[PDB]
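Spelled out from the first residue to the last, the chains are:
Number of protein chains: 2
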Amino acid sequence: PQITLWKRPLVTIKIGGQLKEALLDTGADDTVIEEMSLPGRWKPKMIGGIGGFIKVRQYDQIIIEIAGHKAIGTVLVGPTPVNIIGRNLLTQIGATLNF
Amino acid sequence: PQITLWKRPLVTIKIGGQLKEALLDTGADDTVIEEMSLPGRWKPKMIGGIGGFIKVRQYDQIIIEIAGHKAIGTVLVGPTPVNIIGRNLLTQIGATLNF
Ligand SMILES: COc1ccc(S(=O)(=O)N(CC(C)C)C[C@@H](O)[C@H](Cc2ccccc2)NC(=O)c2cc(C)cc(C(=O)N(C)Cc3nc(C)oc3C)c2)cc1
Ligand SMILES: [Cl-]
Ligand SMILES: [Cl-]
Ligand SMILES: [Cl-]
Ligand code: NA
Ligand code: NA
Ligand code: NA
Numbered sequence: 501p502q503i504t505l506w507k508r509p510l511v512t513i514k515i516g517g518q519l520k521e522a523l524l525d526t527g528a529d530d531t532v533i534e535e536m537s538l539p540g541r542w543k544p545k546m547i548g549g550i551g552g553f554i555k556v557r558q559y560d561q562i563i564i565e566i567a568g569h570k571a572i573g574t575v576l577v578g579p580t581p582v583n584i585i586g587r588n589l590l591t592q593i594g595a596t597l598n599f
Numbered sequence: 501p502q503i504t505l506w507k508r509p510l511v512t513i514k515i516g517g518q519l520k521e522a523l524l525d526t527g528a529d530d531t532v533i534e535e536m537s538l539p540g541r542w543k544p545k546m547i548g549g550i551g552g553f554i555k556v557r558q559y560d561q562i563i564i565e566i567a568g569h570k571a572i573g574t575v576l577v578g579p580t581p582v583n584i585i586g587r588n589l590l591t592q593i594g595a596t597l598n599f
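For the protein sequence lines, the chains are A and B, in the order given.
Each residue of the first sequence is one higher than the one before, counting from 501 in UniProt numbering.
Each residue of the second sequence is one higher than the one before, counting from 501 in UniProt numbering.
It cannot be assumed that every hint is accurate.
It does not matter which identical chain is meant; a pair holds if it fits inside one copy or across any two.
Claimed, not checked - Okay, derived cross-link-like pairs now, BS3-like style, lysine-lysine, Cα gap no bigger than 30 angstroms in a straight line: (1) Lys545 to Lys514; (2) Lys507 to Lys543; (3) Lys507 to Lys570.
Think of the hints as simulated: they come from the structure by calculation, not from any bench.
Take these sequences, add in the hints, and give me the full structure.
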């Protein structure tokens, strides 16, 4: 699809068996999801943006279906104000910015 | 152009006669640049990022070139990890996300 930027680029994702709404975010290096449980090993990480840093749990090798397209990679879990699909997974679904 | 996302989508911008680097950020409604001098009056605005809220100075109707494309619109000035081009200006340059 061609997603307009007149509105926030929100899509439905499936992660950990759960449906969520998330932002397709070219400004995010990594994918960050609100608090949830995920299987397997994790390690702590700090990520920063406007207003400073939050602590997250880093889970590797997690599958996420993004608007119907499956992708595997690292997912960060923590107190983010919005679910964010970052570049690490946008690449895997072939997303590009066009103008 | 067609910009893939294996690297950060950094472009050159021109504002006030000066070249700067900025990140094309579909996850931002608005454009935020690091401290600089802009003409005219400003208004107050709060931005809630991943780490919390910050105060910024809102300047309206500012001339800015983005990757060689001309825009005239709102620029926020305040403390950001990186200059961010948000949707208010991505729409002016005709950007879309595609997959
Ligand atoms: C290492 O991986 C990282 C992943 C993400 C981030 S980040 O979320 O901090 N961020 C990085 C960027 C600042 C360099 C990605 C940005 O796209 C974030 C994503 C994000 C959106 C909303 C809330 C938190 C984070 N946007 C803004 O900072 C940002 C900046 C401006 C100037 C405006 C807005 C904006 O439109 N809103 C705050 C509206 C809003 N509010 C809520 C609650 O949701 C949304 C969509 C967002 C940092 C590290
Ligand atoms: Cl990854
Ligand atoms: Cl590619
Ligand atoms: Cl604007
Ligand atoms: Na894992
Ligand atoms: Na000034
Ligand atoms: Na103005």
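Status of each hint after checking the structure:
no., hint, in the structure
1, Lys545 to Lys514, "within (23 angstroms within a copy, 34 angstroms between copies)"
2, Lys507 to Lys543, "between (34 angstroms within a copy, 24 angstroms between copies)"
3, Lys507 to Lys570, "both (24 angstroms within a copy, 21 angstroms between copies)"
Of the hints listed earlier, there is not a single one the structure fails to meet.
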